[PDB]
Amino acid sequence: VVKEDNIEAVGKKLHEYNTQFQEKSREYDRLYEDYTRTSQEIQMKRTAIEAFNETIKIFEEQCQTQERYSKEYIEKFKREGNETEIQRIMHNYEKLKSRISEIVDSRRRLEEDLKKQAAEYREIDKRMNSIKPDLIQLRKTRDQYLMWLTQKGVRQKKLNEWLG
Amino acid sequence: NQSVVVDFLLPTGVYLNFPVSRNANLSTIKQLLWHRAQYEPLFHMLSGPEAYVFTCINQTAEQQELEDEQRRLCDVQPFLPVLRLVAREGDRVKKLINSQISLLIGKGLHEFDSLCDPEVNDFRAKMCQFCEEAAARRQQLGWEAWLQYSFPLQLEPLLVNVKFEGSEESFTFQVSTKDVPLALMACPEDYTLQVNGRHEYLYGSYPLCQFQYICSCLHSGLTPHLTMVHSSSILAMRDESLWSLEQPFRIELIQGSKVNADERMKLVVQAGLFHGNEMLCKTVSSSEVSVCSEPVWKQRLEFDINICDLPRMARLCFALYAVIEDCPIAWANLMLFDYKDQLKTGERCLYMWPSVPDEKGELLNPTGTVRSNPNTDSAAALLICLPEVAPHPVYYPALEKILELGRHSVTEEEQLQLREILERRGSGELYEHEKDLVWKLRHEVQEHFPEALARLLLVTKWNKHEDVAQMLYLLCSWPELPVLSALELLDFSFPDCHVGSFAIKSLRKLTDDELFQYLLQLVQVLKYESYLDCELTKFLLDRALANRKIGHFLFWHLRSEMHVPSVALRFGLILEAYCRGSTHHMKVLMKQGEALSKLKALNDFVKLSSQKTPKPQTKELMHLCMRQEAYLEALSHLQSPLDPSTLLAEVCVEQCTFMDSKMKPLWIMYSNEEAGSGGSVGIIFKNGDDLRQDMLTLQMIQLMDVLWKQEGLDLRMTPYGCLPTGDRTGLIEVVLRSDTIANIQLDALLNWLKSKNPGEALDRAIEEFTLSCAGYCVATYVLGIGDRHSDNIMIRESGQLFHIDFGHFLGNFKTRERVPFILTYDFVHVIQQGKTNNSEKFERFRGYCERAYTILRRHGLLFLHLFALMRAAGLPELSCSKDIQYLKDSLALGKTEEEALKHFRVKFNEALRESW
Ligand SMILES: C[C@H](Nc1ncnc(N)c1C#N)c1nn2cccc2c(=O)n1-c1ccccc1
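Line by line, the protein sequences are chains P and Z.
For the first sequence, the residue numbers in the working numbering are 35 to 198.
For the second sequence, the residue numbers in the working numbering are 4 to 919.
Be a bit skeptical, because a hint or two may be false.
Below 30 Å or equal to it, Euclidean Cα-Cα: the simulated DSS-like pairs (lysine-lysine) are [as the list claims (entries may be wrong)]:
hint : chain 1 : residue 1 : chain 2 : residue 2
1    : P       : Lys37     : Z       : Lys33
2    : P       : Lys150    : Z       : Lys363
3    : Z       : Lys261    : P       : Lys150
4    : P       : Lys150    : Z       : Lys885
5    : P       : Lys46     : Z       : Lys363
6    : P       : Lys58     : Z       : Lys885
7    : Z       : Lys261    : P       : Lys58
8    : P       : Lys37     : Z       : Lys269
9    : Z       : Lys467    : P       : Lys160
10   : Z       : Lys467    : Z       : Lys285
11   : P       : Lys91     : Z       : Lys552
12   : Z       : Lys261    : P       : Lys192
13   : P       : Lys91     : Z       : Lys97
14   : Z       : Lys363    : P       : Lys186
15   : P       : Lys149    : Z       : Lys363
16   : Z       : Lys285    : P       : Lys186
17   : P       : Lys79     : Z       : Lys594
18   : P       : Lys79     : Z       : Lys467
19   : Z       : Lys33     : P       : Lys131
20   : P       : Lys174    : Z       : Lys363
21   : Z       : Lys97     : P       : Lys79
22   : P       : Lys79     : Z       : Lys885
23   : P       : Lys192    : Z       : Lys269
24   : P       : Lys191    : Z       : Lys347
25   : Z       : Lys817    : P       : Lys192
26   : Z       : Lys33     : P       : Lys191
27   : P       : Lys191    : Z       : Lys910
28   : P       : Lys79     : Z       : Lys261
29   : Z       : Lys97     : Z       : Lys33
30   : P       : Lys149    : Z       : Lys269
31   : P       : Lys79     : P       : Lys105
32   : Z       : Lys910    : P       : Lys174
33   : P       : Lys150    : Z       : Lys610
34   : P       : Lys91     : Z       : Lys33
35   : Z       : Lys817    : P       : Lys46
36   : Z       : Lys269    : P       : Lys174
Covered, in the sense of this in silico footprint (three residues per stretch, anywhere, with C-beta under 8 Å from a C-beta of chain Z), are these stretches of chain P [as the list claims (entries may be wrong)]:
hint : stretch
37   : 92-100
38   : 116-123
39   : 146-152
40   : 176-184
In case anyone wonders, no lab produced these hints; they're calculated from the structure.
C-beta: ideal position from N, C-alpha, C; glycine also.
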């Protein structure tokens, strides 16, 4: 595993691999912050959609009610001489329907957010799964060098200098 | 924008829409709604305002009935501003509770329902009934019982100013140390005694000396104040087919899903059966399929063990690797048997957790949770089929059928060796020869070495069913062990539910005070329980429902990890059941969370403004936010999370400041005219750091302080409160009359302690300094706390040293070295009180350090057992047996008392050299 002959050369490489390890280990930790924050944000969006769904459900309960109640009301009071409040009742209901589109559209905008974020989340997870094998090998290489030098009796002072 | 356009849905189907103020309350909104309604259709068919009640959708995405119309619209915080009127009459009792629980635990209760999981469903049925049941028995009991529940006695391990309730004027009487609460109320039985401005009552058969308040009055040097309380005032608060299957265990590995691996590499799924930590048999491995997002193996993975040889807590554990023709991608574990005891069958989708890079990197992760990955949409998963073993299904055998094996089915030389073998060192590892010794004299272990149960369990061959029956036969007739021995049995090393049951039975003798000392550890043990409905959870709920301090802190321990997917479900379900059995306390906890919500929001403003503005002006900019109607009422008049007995009444906005340093902690000051002369509480809100290690450390220092007091050494410690409340969020208790060594030190340190308490009380302050230094020098040495310097040690005006900001411990430090004992030369001077060669004082100080340390060795195993259990918590600095080995070495447990005491003396003197 060690590709060098003399202490000083081996020690110089130990420094490179440890510096490479620490830089990579930092890149992973940086991506892990992004990754987890994104899960949190996704979970938030996912419940916000549930809140939209459940709000739209409540709006559709109104629509059912006005339809039924309007019909029943009109029949009890005949629609005969009194027809002034029908155009009102119907115009109010146009506003009700019109508000539901706005809300339906917002849910649609959030869903498109969630979709863009979900694809970023997967790209973060792809990036870290390609880092992982490098991080592991650099750790294992670093240790092999520390071993090699320790077996040869190289002093801790020189090793500490090479690990800085 | 200060006002919000709100959608109003009338019950006729009519729709109104107009602006209201964000700070307007629902009662006012309804007046404005009616006024507008007049001029819309169908108004005459409506009943009056009071016949109706608003409905909205929560932040948690659930319908909420807004019964309390005094709440502001901004405080209700509806998802979109949509209010819908419904009939005021409508079985509101369960409706309004469920709403509050959801908003209090943070997770919506609908999210449990949506799982369509019978285990979850059963739990919610059984426990919510049990907790209700308990609650009813609470209300059924009288005034004495409820007072005991509500505010338990705060007890230790001159005059008295009593007064009648509802009076400004008082009468200053006089009483000495030892006197009973009945004897107090003489100078009666209908009443109780209450500390002024705090929810803390003196009652029972204990003497006055043993109460914390009366003791706390002496060392400060002040007169107490108590108050008589009539039962009316108390009740007012109260009112308001067997293992014949010799077939080898096999599993079908069908396909994966949603795998985000590298295309050039190749995928493999390794797997293995486990009983806790130990392997039941060797690990099998899949064929190297090419990297797909939807891989397909289709292999029968047969193991080196039979179905009849599977133990109750058998656990198959999976790991998906990626190899260049190695990268751990993800892992997921399964229990073979289920929660109703049936051996599982059919297909099962295993939603996997992502693999964290360890320093080691084991094959699988058997310690990891059985709980599934909630992120089902995005998470990778593995489709597998557990086959049909018999034409009708099978359960694990019942205790009566297990006892049947032991039912029908001794050398002096053997005996003497076992006495040696089982009496020796801490643990390490016994040989297979000696394991058979322990298995052979296994009844003699039960007869003469009851406390060696843990070792016998370890030596048991859990991959052989005949041994499992023989062990469990002995365990059923096993004698009750101590608390110390029982805490060991709670560790992940002993997964079998019979051990867990036996453990809890031995733990039931715990007093509430003692149970409180281990609660943090007990909560972490939940994390590695297999099933939801378990004896530990039932234990914790039973005790939480009987003691409101236990319940309070149980609430927050769980609440503060609700953001963690692996525990969210489990802890959510417990909090729900706790809430149902504690409807009164639910309201107190709500006002706290609402405070905490505001403090985060306030801390965000300090975080934004600190990056632009300077420090003095930003303090005033914080106040302007705090003076507001919403921010004042939400922060005012609440029980402290750090101590529910403390009443944080009026915020002192002028006194409130912050530290422009790192995570910009907010210093919130409180005042109240009930408490006393020293009656001002403070709390540090802190968002960005993780406070759990800080909390463990302080709690461990508390335990040291208790252990010393029992053996008769008061080392004047300051165990200030620290409570994680959320995701990198918590409170720290402010210690008044205090400053950092750095600020005093910027020859100087001696002059500060002189000024505060000069003349006669200076010698007492030296005795305070020397006593606390002893304690905190041992504590930090044993626990291995490093990075100790000027700006993270504080001194109190009384004299007492105490430590702060415990970043690291157990020798861990930079990105891991044994911490030397530390006598600081500055601190040595203060002990020697100015003089150079003051052997009189410094020998007595060293005499105390030797004593302190010695007492801690005697309860060494306690610290090992508690720290063992905390491996569950996933703190980076406490994650293995080596982190525990630090304490074994620091407490010197493997050496004799003489050997440890000299070892400590050497380390002391090694410090005394490095001082100079
Ligand atoms: C540095 C100190 N930390 C603590 N202070 C008081 N009680 C505590 N429990 C702690 C802690 N931890 C402290 N912490 N802090 C957080 C926000 C604002 C402050 C602050 O002013 N001090 C401080 C500084 C100098 C003298 C006195 C206090």
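Results of checking the hints against the structure:
Distance restraint check for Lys37/P and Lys33/Z: the Cα-Cα separation of roughly 81 Å exceeds the 30 Å cut-off, and the hinted pair is therefore not satisfied. Between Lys150/P and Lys363/Z, the direct Cα distance comes to roughly 36 Å. Violation of the 30 Å bound is thereby established for this hinted pair. Proposed proximity of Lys261/Z and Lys150/P is supported: the alpha carbons are some 17 Å apart, at most 30 Å. Straight-line distance between C-alpha atoms of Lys150/P and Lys885/Z comes to about 44 Å, which puts the hinted pair past the 30 Å bound.
For the suggested pair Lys46/P and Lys363/Z, the alpha carbons sit about 25 Å apart, so the restraint of at most 30 Å is met. Among the hinted pairs, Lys58/P with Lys885/Z is consistent with the structure: their alpha-carbon atoms are about 26 Å apart, no more than 30 Å. About 26 Å separates the Cα atoms of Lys261/Z and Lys58/P, which keeps this hinted pair within 30 Å; it holds. In summary, the hint linking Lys37/P to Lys269/Z is supported, as the alpha carbons are separated by about 28 Å, within the 30 Å threshold.
In summary, the hint linking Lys467/Z to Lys160/P is not supported, as the alpha carbons are separated by about 43 Å, beyond the 30 Å threshold. A distance of roughly 15 Å separates the Cα atoms of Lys467/Z and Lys285/Z; the hinted pair therefore holds under the 30 Å criterion. For a cut-off of 30 Å, the pair hint linking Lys91/P to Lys552/Z is broken: about 42 Å separates their Cα positions. The straight-line distance between the Cα atoms of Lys261/Z and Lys192/P is roughly 48 Å, outside the 30 Å bound, and the hint therefore fails.
Distance check on the hinted pair: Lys91/P and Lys97/Z sit about 22 Å apart at the alpha-carbon level, within 30 Å; holds. At roughly 25 Å between alpha-carbon atoms, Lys363/Z and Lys186/P fall within 30 Å of each other, so this suggested pair holds. Under the criterion of a C-alpha separation no larger than 30 Å, the hint pairing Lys149/P with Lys363/Z is inconsistent with the structure, at around 36 Å. Our distance criterion of 30 Å between C-alpha atoms is broken by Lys285/Z and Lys186/P, whose separation comes to about 37 Å.
A distance of roughly 27 Å separates the Cα atoms of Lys79/P and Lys594/Z; the hinted pair therefore holds under the 30 Å criterion. Distance restraint check for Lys79/P and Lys467/Z: the Cα-Cα separation of roughly 50 Å exceeds the 30 Å cut-off, and the hinted pair is therefore not satisfied. As the CA atoms of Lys33/Z and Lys131/P are separated by approximately 23 Å, the hinted pair is consistent with the 30 Å bound. Distance restraint check for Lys174/P and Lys363/Z: the Cα-Cα separation of roughly 10 Å lies within the 30 Å cut-off, and the hinted pair is therefore satisfied.
A threshold of 30 Å between alpha carbons decides the hint, and for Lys97/Z with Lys79/P the separation of about 28 Å falls inside it, so the pair holds. For the given pair, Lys79/P sits about 42 Å from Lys885/Z by alpha-carbon distance, which is inconsistent with the 30 Å threshold. With a C-alpha separation of about 41 Å, the suggested pair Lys192/P and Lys269/Z falls outside the 30 Å cut-off, and the hint is violated. Only pairs whose Cα atoms come within 30 Å are accepted, and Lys191/P paired with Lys347/Z is rejected, the gap being roughly 58 Å.
Note on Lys817/Z and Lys192/P: the hinted pairing holds, with a Cα-Cα distance of about 19 Å set against a maximum of 30 Å. Of the pairs offered as hints, the one joining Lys33/Z and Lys191/P is violated, with about 78 Å between alpha carbons and a cut-off of 30 Å exceeded. Under the criterion of a C-alpha separation no larger than 30 Å, the hint pairing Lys191/P with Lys910/Z is consistent with the structure, at around 24 Å. Annotation: proposed proximity of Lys79/P to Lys261/Z holds, straight-line Cα distance about 21 Å (limit 30 Å).
Simply put, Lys97/Z and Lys33/Z have alpha-carbon atoms about 24 Å apart, close enough for the 30 Å limit, and the pair holds. Proximity of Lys149/P to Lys269/Z is assessed by CA-CA distance (about 28 Å); at most 30 Å being required, the pair is judged to hold. For a cut-off of 30 Å, the pair hint linking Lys79/P to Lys105/P is broken: about 39 Å separates their Cα positions. Between the alpha carbons of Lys910/Z and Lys174/P the distance comes to roughly 36 Å, so the proposed pair goes past 30 Å and is violated.
Proposed proximity of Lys150/P and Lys610/Z is supported: the alpha carbons are some 29 Å apart, at most 30 Å. About 23 Å separates the Cα atoms of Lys91/P and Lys33/Z, which keeps this hinted pair within 30 Å; it holds. Between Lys817/Z and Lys46/P the alpha-carbon distance is near 22 Å, which keeps this suggested pair within the 30 Å criterion. Our distance criterion of 30 Å between C-alpha atoms is met by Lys269/Z and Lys174/P, whose separation comes to about 21 Å.
Residue count for the stretch 92-100 of chain P with a Cβ under 8 Å from a Cβ of chain Z: 6. That meets the three needed, and the coverage hint holds. Proximity of the stretch 116-123 of chain P to chain Z, defined as three or more residues with a beta carbon under 8 Å from a beta carbon of that chain, is established by the 3 residues found. Chain Z is given as covering the stretch 146-152 of chain P, and this is violated because 1 residues of the stretch bring a CB closer than 8 Å to a CB of that chain, at least three being needed. Counting residues of the stretch 176-184 of chain P whose CB lies closer than 8 Å to any CB of chain Z gives 0, so the stated coverage by that chain is violated, three being the minimum.
In this structure, the hints that do not hold are numbers 1, 2, 4, 9, 11, 12, 15, 16, 18, 22, 23, 24, 26, 31, 32, 39 and 40, in rising order.
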